[PDB]
Amino acid sequence: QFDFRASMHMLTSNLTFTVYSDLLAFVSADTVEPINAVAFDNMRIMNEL
Amino acid sequence: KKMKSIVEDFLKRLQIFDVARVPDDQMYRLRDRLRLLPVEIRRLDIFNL
Numbered sequence: 834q835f836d837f838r839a840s841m842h843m844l845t846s847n848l849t850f851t852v853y854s855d856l857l858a859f860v861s862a863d864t865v866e867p868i869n870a871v872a873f874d875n876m877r878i879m880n881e882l
Numbered sequence: 638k639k640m641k642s643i644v645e646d647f648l649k650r651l652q653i654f655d656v657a658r659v660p661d662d663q664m665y666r667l668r669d670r671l672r673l674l675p676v677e678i679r680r681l682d683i684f685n686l
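As given, the protein sequences belong to chains A and B, one line each in that order. For the first sequence, full-length UniProt numbering gives the first residue as 834, with consecutive numbering after it. For the second sequence, full-length UniProt numbering gives the first residue as 638, with consecutive numbering after it.
It should be emphasised that the hints constitute simulated quantities derived from the structure, not laboratory data. Here a beta-carbon is modelled for each residue, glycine too, at the ideal position from N, C-alpha and C. Be aware that a few hints might be false.
For each label pair, taking beta carbons as the anchor points, the in silico distance ranges come out as [unchecked claim]:
{"id": "1", "chain 1": "B", "residue 1": "678", "chain 2": "A", "residue 2": "864", "range": "43 to 49 Å"}
{"id": "2", "chain 1": "A", "residue 1": "855", "chain 2": "B", "residue 2": "654", "range": "53 to 59 Å"}
{"id": "3", "chain 1": "A", "residue 1": "857", "chain 2": "B", "residue 2": "684", "range": "46 to 52 Å"}
{"id": "4", "chain 1": "A", "residue 1": "868", "chain 2": "B", "residue 2": "674", "range": "22 to 28 Å"}
{"id": "5", "chain 1": "A", "residue 1": "858", "chain 2": "B", "residue 2": "683", "range": "51 to 57 Å"}
{"id": "6", "chain 1": "A", "residue 1": "857", "chain 2": "B", "residue 2": "683", "range": "52 to 58 Å"}
{"id": "7", "chain 1": "B", "residue 1": "647", "chain 2": "A", "residue 2": "856", "range": "50 to 56 Å"}
{"id": "8", "chain 1": "A", "residue 1": "881", "chain 2": "B", "residue 2": "685", "range": "25 to 31 Å"}
{"id": "9", "chain 1": "B", "residue 1": "677", "chain 2": "A", "residue 2": "881", "range": "25 to 31 Å"}
Here are a few chain B residues that sit away from chain A, every Cβ distance over 10 Å (derived from the structure) [claimed, not checked]:
{"id": "10", "residue": "657"}
{"id": "11", "residue": "676"}
{"id": "12", "residue": "683"}
Pulled out of the complex, with its shape left as it was, chain A reads as follows:
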């Protein structure tokens, strides 16, 4: 049978957040001009120029 005392409850949550699914559109992304691209050793790959 229905008892109001064992059935009333205060539920708690947040207010107005926003989930983000992509997580990598927030990274602005550029590159060195590829004639100046270097390796791990900071020497230029494609030395040949």
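Given chain A, put chain B in place with the hints provided.
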């Protein structure tokens, strides 16, 4: 500065060589064994000025 243009012009101005049939690696190997040579004293004094 990619130095294929200098050695390509170098084989242009020699009036014998079919320069469109000499590909990259020979042009760049002429670059490799051409900058081992000392500059003529005229153009060396010009570059010093």
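Results for each hint:
| no. | hint | verdict |
| --- | --- | --- |
| 1 | 678(B) <-> 864(A): 43 to 49 Å | holds, 45 Å |
| 2 | 855(A) <-> 654(B): 53 to 59 Å | holds, 56 Å |
| 3 | 857(A) <-> 684(B): 46 to 52 Å | holds, 51 Å |
| 4 | 868(A) <-> 674(B): 22 to 28 Å | holds, 27 Å |
| 5 | 858(A) <-> 683(B): 51 to 57 Å | holds, 55 Å |
| 6 | 857(A) <-> 683(B): 52 to 58 Å | holds, 55 Å |
| 7 | 647(B) <-> 856(A): 50 to 56 Å | holds, 54 Å |
| 8 | 881(A) <-> 685(B): 25 to 31 Å | holds, 29 Å |
| 9 | 677(B) <-> 881(A): 25 to 31 Å | holds, 26 Å |
| 10 | 657 | holds, 20 Å |
| 11 | 676 | holds, 21 Å |
| 12 | 683 | holds, 25 Å |
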